[PDB]
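Make the full structure from the sequences, and use the hints.
These are the residues of each chain, in order.
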Amino acid sequence: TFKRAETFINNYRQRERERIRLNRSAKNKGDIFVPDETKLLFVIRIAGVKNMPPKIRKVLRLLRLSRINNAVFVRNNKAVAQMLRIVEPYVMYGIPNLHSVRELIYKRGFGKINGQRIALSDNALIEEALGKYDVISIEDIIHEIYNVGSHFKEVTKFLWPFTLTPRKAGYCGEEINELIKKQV
Amino acid sequence: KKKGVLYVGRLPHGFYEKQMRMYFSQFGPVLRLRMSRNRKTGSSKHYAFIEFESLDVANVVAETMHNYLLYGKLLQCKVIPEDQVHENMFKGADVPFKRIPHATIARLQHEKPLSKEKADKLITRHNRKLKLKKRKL
Amino acid sequence: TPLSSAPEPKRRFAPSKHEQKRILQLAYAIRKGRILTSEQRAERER
Amino acid sequence: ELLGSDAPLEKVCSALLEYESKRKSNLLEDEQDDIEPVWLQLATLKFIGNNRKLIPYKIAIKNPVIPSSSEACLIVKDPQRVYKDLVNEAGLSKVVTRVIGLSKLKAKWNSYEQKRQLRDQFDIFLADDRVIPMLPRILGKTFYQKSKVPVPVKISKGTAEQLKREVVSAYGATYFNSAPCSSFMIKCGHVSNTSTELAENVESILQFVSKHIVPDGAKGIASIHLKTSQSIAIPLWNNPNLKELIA
Amino acid sequence: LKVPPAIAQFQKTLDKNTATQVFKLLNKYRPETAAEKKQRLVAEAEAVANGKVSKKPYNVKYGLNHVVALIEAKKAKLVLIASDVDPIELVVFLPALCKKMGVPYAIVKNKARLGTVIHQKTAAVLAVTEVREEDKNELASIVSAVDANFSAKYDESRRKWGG
RNA sequence: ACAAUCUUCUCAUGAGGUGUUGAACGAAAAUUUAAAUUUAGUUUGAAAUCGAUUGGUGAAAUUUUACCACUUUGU
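First to last, the sequence lines map onto chains t, o, m, K and G. Mapped onto the entry's author numbering, the consecutive letters of the first sequence carry residue numbers 50 to 215, 232 to 249. One gets the entry's author numbering by counting positions in the second sequence from 1 and adding 101 to each. One gets the entry's author numbering by counting positions in the third sequence from 1 and adding 212 to each. Mapped onto the entry's author numbering, the consecutive letters of the fourth sequence carry residue numbers 5 to 29, 41 to 262. Mapped onto the entry's author numbering, the consecutive letters of the fifth sequence carry residue numbers 69 to 120, 125 to 235.
Treat the hints as calculated values from the structure; they're not laboratory data. Do not take every clue at face value.
[Said to hold, decoys possible] List of simulated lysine to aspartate or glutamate pairs, EDC-like, C-alpha gap at most 20 Å:
| hint | chain 1 | residue 1 | chain 2 | residue 2 |
| --- | --- | --- | --- | --- |
| 1 | G | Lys106 | m | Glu231 |
| 2 | G | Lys105 | m | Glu251 |
| 3 | o | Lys119 | o | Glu154 |
[To be verified] Just some of the chain o residues that point at chain K, by a computed CB distance under 8 Å:
| hint | residue |
| --- | --- |
| 4 | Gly115 |
| 5 | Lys119 |
| 6 | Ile201 |
| 7 | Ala204 |
| 8 | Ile224 |
| 9 | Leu231 |
Even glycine gets a Cβ: it sits at the ideal position worked out from N, Cα and C.
Below, the structure written as C-alpha cells:
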C-alpha cells in the first residue's frame, strides 16, 4: 500500500535508537550479565523490526532466530550473552525446564534434521540421528537438551528453531517454559 | 517533461535522503535527491531539493504535501521554478555525506609527532610566538 | 472581549458540589451495606 | 613556582587588573552588577579529552565567581514535592528560585522556545547527580552551547544542612566543560575581586588541573596565560624544559 | 439548486492527516465514562466513610449550548464542527461565530468521530479550551495546521455559492 | 505504528556517566597541528531556496553506508 512519510521517519528514529543502544552496550560497556542456572536456554524472537542494523541480522541467524518465536537450545554461557545482548531488544531468553523441553519435543518437536522440520515423534529418529550423540529418545533428548548433555550442541543442531508463536525483550527464566506450554 | 524540482522545507528530523526517496517515489520518479547539510557535522538543515522527472507530478506532490502536519512540523513543499534553479543547486545529489571527523583528525595530528626538524620549527615557532608577544607587551 | 459581562461564580474554582453530593450518598450506602465496597466486590469476583 | 618553578603569580594578576582598569574608555534602567570575567587559558602538549564530556568540573575555590545574588534552578529526581519541601525548611527558597522534577522537565519543556525561556529565567542550573546524564537530551544545544551547563550537585541523601553545603559549594566553585583539545579556558573571577584573590584562585585551579584533568601534571603542561575577554593573554608561566618532553 | 455560501462551507472538510492528528490530541482528553466515574466516586466515598485536596480535571468540552457559550467566552482554543448535522441550522452560524470571536475552528468528517470521543453516539461539535502543560505544544502545532490546511485553504470557496 | 532502550547513576575513596535542532551575529585568546579544536558570548518559531565537508575506516555483498568515524560501517 501507500506508505506514509511518518512510517519512514519512525524507522529512522528506531534505527537511531537501535544504533545507540548497540553502541553503548557493546562499546565501553563490554560487561555482560552472563545468564546462569543452566547450560542451555530457549531464546525466542519477539519481533525483528524492519531494516535492522546489519550487525543484528546474523545474530538471529547464527543463534538460529532467523524467524519470529524461534525457540532454540543454545549453550548457556558467557559467550552467547554479548551476542544475545546485541539482539536482546528482539529476543526473550529463558530456561527450558525438563517438562517444557519434553512437552515441546513430544508434540511440537520438529527437529531441524537436514535443515527441515523433522518431527521427533519416533524415538528411533532421535536414536538413529544421535546415536553417537548418546540421545536415544525424546526423553533422552531432554537429557541432552534440557539437561544439556554432552552432545547438546549436536542435539541442538538435530533440534529445530521451534516457533513458540504466542513477550518482554530480555530475561524470561522460567517464562520460556510458560510460552512453550502455550505453544506446545 | 521538464524536471520538477521540489523544495521540501521544515523537514522533521529523520526524514532524510533515503527516507525522502522512498516516500516521494510513490508520487513520482526522483531523478536525484539533495538535502542541505551542515558544514562540519553534516546534520540536516531541514530543507531538501527534490527534482522529479516532470513538472506535472512535482506539482501534484507540492499540492498534496504542502502544510503537511508531520511530527509537529508543517511541511513546506514548493515547486521552485527553474529560473532560480542553478547548475549546482542539485550538486552532489544522491551522494553520501562522508562526515570528515575534523576534531579527531586533529587529535590524530596531536598524537602524530612532528618531524624532529619540524618539531624544532614548532619550538622556534613557539619561541617566535614567545617573542612576538615580547614587543607586543 | 468576551460577550458576557456576568461575573464569574466561585463554583468553577472549587471542587464540584455535584460529586460531593454523590460521594456523601455513596458513603451512606457503604455505611448501611447497600453498596458492596471496592475491596469486598473485588474479593467477591475471585 | 608551582608549575615549573617560574610561575610569576600575584604580580601578573595585579598587572593584568591594572591594565584592564586602565582601559576604561541613559542606562540607569539598564544597569546591574556585571563585572568582566577573568579568563585563564591553559595549553597542553596533547589533547587531554577524547570527546566533549558535557559535565562541569567542580574546581573548588573559596572565592566565588558566581555572585551570591544569582538565581539558581534545581533539577531533581521525582517526586518534586519532597525536594520542594526540603528547600522550604532549609531556607534556600530565596536562593533557589525553582525546583524542577525530571519528568516535568521532560514534559513541560519540549519546544526550544520553552527551553530558551527557561534558560533566560535563571542564571545557574544546579542538578542532582542522580539524574545529570539525562540533561544532555531534553535540554539540547539551547543549554550546552550558550554557556548553560547544569552542575551535578550531590543531593541524593536529601537533608537540610546537606542542601546548604552543596549550594554553597556549587556557588563558590568555578566551573568548566571539558572538551577534546590541547587548549582550554578557565573562569577565575572578575575585575572586582582583588589581585591577591585572583592569584590564589588561579593557583587553586592549576593544582586541580594537574590532578584531575592533566594526566601527567605539570610535565604535560605547555604554557599558562592570563587573559580578560578584551585584554592580552599575559603568560603566567611557560615551560622551560618542554623541548625534550615533546621529543 | 445552488447551495448558499453559509451551507456550502461544510462540504470542504478537514483532510486526512490533520483530522487524524486532531483526533489524536482529543483522545488524550476524552471525558470520563459513566462506568469509570462511579468507580472513582465510590473510591472517594469509601475513603471518607472509613476515615479522612484534588486537582481540576482536563477534558474536552462538548454540547452545542456549552460550546457556543465557550466561544463567546473567548475560552475555546479549538472548535471542531461535525459536517453532517441533520438540521444544518444548528451549526450554520458556528464558523461565522468563530470568525467573529477569533477562535480557530475546523469542519471535520462525521459526527460519530466526535461522538466516539465523548462516549456518545453523536456529537455536533467539540471544543478544546484548556490542555495540560505537557501538551501545550501539541495543541499549538495542531492549531497552526488547522489555520494552514483549513482556514488558509478554501477561504474563497466558502464565500462562493456551492453546487 | 507520528509506539519502541538517551543514562534514577555507577563503581570506586576517586574515577567515570555519552549524550547537544538548524540558522544568524560576535569577541579575543591559546595550543594542537592556514584547519583543527577548544574558545566572552550570543540571538531565534523545530525558523529553513545551493554552496559539499569531502578523506579515512571497515562491512557486507566494486555501491552500500545520508553519522562508520581513526578507538573509524553484517555475528
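Hints, verified against the model:
For the given pair, G/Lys106 sits about 10 Å from m/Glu231 by alpha-carbon distance, which is consistent with the 20 Å threshold. For the hint linking G/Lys105 to m/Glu251, the alpha-carbon distance of about 17 Å falls within 20 Å, and the restraint holds. At roughly 18 Å between alpha-carbon atoms, o/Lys119 and o/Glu154 fall within 20 Å of each other, so this suggested pair holds. Below 8 Å, beta-carbon pairs count as interface contacts, and o/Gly115 has none with chain K, the closest being about 15 Å; its hint is therefore violated.
The beta carbon of o/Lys119 is not positioned within 8 Å of any beta carbon in chain K (closest approach about 24 Å), and the interface hint is therefore violated. For o/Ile201, the interface hint is violated, the least distance from its beta-carbon to any beta-carbon of chain K being 15 Å, above 8 Å. Among the interface hints, the one on o/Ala204 holds; its C-beta lies about 6 Å from the nearest C-beta in chain K, closer than the 8 Å criterion. A distance limit of 8 Å between C-beta atoms decides the matter here; for o/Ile224 the minimum to chain K is near 6 Å, and the interface restraint holds.
For o/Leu231, the shortest C-beta to C-beta distance to chain K is roughly 7 Å, which falls under 8 Å, so the interface hint holds.
Figure legend: structure checked against the earlier numbered hints; hints not met, in rising order: 4, 5, 6.
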